[PDB]
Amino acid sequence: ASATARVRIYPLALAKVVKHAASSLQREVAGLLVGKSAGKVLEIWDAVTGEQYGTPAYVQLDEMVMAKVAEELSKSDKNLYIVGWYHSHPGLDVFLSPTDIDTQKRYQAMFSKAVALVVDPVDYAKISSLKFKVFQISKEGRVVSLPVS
């Protein structure tokens, strides 16, 4: 179906995403997912961010954030890299919009196993959990929500 079979997110990385989102309920926020693939499993080890502009309906991360983060990871002895991105959708529920899909297609072109994490800070799933999904564009071009642990 899809390049990535499932996603494993380090709890602190998820916590960083949720806190970032929850700290700005008045606009979408975005950032980058750092990790590595392990076979068909995508590991998310960290989430990082930087300068950006956003509104309740839109967000763009300054492109120099990615440039800085990629160069740092490449220079370091860690075998970690950017594996995806995240953004929030306060009060708008969890899906990939047409804009998001275009961004995600471009991520996947560079790294087939890339994923997009979307979080809605104002809601909780259902036992409770955080309201988020991790998406990928499948081999036939459909958005699929991946299994996450």
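Residue numbers count along the first chain shown, from 1. We call the rigid core whatever largest set of C-alpha positions still superposes within 1.5 Å between the two forms. Compared with the form deposited in another entry:
In the core-aligned comparison between these two forms, the C-alpha of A70 is the only one from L80, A70, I101, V41 that shifts by 2 Å or more.
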Given for the second form:
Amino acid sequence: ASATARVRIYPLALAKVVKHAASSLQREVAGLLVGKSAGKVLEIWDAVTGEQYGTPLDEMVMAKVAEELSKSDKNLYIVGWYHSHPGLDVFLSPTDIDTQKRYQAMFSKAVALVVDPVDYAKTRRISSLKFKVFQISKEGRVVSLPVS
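Okay, that's the form deposited in one PDB entry, but what's the structure of the form deposited in another entry?
This part shows the chain on its own.
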């Protein structure tokens, strides 16, 4: 359906995304996914961001993400992004589609992890996490990828 067949999100990455998203329920937070492909499987090993957590400048976002990237594993690379949409359920907005298309122009296997962390933050159970991982097909459809 799209360039990447499926995705494996390592627990430390998922933890980082969820902590960010769940710590910031008033905001549609974002960051980068760090990992590597292994054939048709895209591995998400880590996540970084230049955004603030919680209740809160491009110049600060750039510094912070550069600092995080400087500490990242040199055998890994940017494989996508995440975006939280508290209370909106899980889909790519029109804006998100544009962004994802831009990511894919940088790296054809890039993916978009969308999370709605409201229920997780209420229940404190990962099984209440609402998320999907998306890519955009050539013909412009939003495709939801298998995730382990």
